[PDB]
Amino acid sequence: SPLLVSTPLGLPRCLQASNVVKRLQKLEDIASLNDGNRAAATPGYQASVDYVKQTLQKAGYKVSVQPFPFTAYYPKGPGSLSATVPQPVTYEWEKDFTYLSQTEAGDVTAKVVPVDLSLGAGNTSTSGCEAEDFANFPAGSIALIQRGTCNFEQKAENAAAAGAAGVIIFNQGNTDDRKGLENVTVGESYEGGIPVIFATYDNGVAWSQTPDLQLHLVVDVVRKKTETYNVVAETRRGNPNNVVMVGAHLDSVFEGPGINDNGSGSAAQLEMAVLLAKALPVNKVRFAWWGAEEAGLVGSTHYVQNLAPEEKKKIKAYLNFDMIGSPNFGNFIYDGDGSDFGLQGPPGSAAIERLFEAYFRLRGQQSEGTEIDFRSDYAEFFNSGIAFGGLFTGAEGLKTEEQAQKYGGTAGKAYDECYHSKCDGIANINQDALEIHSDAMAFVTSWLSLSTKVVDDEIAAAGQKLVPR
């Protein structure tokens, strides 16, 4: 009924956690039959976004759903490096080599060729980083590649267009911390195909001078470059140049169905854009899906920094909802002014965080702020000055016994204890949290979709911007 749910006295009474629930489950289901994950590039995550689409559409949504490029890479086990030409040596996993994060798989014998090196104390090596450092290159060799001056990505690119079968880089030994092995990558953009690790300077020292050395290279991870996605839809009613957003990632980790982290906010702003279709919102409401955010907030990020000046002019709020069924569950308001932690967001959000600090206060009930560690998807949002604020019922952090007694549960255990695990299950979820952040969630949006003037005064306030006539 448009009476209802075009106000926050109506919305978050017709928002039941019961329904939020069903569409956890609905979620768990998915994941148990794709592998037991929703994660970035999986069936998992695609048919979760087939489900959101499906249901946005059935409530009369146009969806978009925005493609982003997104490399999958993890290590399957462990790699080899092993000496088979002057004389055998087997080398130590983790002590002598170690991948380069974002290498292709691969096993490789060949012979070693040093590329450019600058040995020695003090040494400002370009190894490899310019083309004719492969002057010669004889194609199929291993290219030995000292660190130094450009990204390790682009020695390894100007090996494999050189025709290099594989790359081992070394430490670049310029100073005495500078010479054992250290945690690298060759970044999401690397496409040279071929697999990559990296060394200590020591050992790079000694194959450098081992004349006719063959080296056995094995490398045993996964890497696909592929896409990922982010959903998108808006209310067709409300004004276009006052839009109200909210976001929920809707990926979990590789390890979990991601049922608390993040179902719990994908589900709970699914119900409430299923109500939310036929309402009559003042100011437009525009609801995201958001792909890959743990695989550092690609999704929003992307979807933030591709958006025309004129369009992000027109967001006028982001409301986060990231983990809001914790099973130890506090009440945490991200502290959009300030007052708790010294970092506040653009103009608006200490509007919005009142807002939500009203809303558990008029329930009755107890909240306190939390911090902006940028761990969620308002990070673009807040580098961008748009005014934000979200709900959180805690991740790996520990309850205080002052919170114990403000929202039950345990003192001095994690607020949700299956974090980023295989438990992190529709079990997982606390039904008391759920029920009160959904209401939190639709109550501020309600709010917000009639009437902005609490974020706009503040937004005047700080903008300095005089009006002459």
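Positions refer to the first chain, counted from 1. For the two forms, the rigid core is made up of the largest set of C-alpha atoms that agree within 1.5 Å on superposition. Compared with the form deposited in another entry:
- Only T149, out of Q344, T370, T149, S384, shows a C-alpha shift of 2 Å or more between these two forms on alignment of the rigid core.
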Given for the second form:
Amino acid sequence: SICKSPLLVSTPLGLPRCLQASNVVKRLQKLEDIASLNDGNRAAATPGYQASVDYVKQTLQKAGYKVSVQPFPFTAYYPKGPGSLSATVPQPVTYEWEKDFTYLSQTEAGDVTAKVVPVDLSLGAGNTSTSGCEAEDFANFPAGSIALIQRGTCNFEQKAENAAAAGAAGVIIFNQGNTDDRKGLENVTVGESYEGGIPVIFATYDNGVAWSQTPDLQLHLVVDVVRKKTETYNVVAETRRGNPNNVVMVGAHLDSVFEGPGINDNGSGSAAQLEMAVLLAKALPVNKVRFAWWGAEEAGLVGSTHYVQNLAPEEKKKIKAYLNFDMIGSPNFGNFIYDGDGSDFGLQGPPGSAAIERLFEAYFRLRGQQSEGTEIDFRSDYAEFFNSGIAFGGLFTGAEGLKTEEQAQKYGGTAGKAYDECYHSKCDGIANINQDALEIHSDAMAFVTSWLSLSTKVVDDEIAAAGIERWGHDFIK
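Next up, can you give the form deposited in another entry of this protein, since the form deposited in one PDB entry came first?
One chain, no partners, no other molecules: that is all that follows.
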């Protein structure tokens, strides 16, 4: 009733009043029901994702929006079982899955036994290895061997594809070892676009050093995964009203990991943004508001990156600001605002990102809540907007990091536990939501979206004055 009036939903203090976490939770329950009917997940290239798309689309159509379901090619990747790695020559040694070695995400499967050949290594503290980054590194590389490659400088995908082009049967990339914190296993990917055709694993630095100095070494490596070329979808809609040349865009990825329902990650952002879009159907914005639900974020930001890269330059220039909402209901939440001004972590977003951050900061302060910065190093769907020079910001309640004592004093909850203990897990379901955090973060999403829908001047002022290790969850280099 009252929240159908343009006088409420058009303005920054009216829209949050109308956007209730309890109503967002009803949408989260629908996503939970979808997961339960579709093998327990809403992952890219699954019926659970398709049913999520259908729900978002129908909801938007019922609220009066035209909806664009935008397909894009997508190579799905699924680990089927643990990997194996053993030395056969000069002496039999069994290496330990998830201790000595792990998979590169998006690797091909394989079962390979071959001589191990090091490629352009530069060992030791402080090294600036470029191992495997240039085709010349593989001059005189014997086809059929396993390439032993050191992390450094360029993307894992480039190292592995260069090895494949030299006829390698498999690739072992070991951590760089230039600092003490770069010697263990890490979450690493060859990218959804990997086309090397051969298996690729990651190993600890010390294992790489020792293997590189073992004469006659042969390793037997088994990678048990499946890749499948298919497609997935973004869902895009925009208000009929508002300046089409000054678009305020909001996004939230709609896919989960395969491991679970993805209710906090990222049902929370998807559902809050959907409630906001439904409310904004009755608003009278000055600037057009565009809403995107991204596919395949968990595979390396594939949907959001595809959307931005495929916009005609004229269309890209019309997007003035991008706001990203990825995980905003964490049970053990902190109040995190993207650090667009680099005040905390030294990485600055494109001009206008500071103004967006300041809007979120001021809103949290007005509500009597504390907040703090979080990193913007290409961890979610703003990445390609950032890369394209578009001002951006966003909100986050925390994932696998452990809450600090100071944060427990500011936000409550439990110090020493993850902000979200069900991150990327089967338990990321309907119970894995803090409704107080969801309420405040949805309120702030609504306030800043509505503010910018009336005036982008704070962003425009910074644009006028002005004159990559990860890509999503995994490290690309």
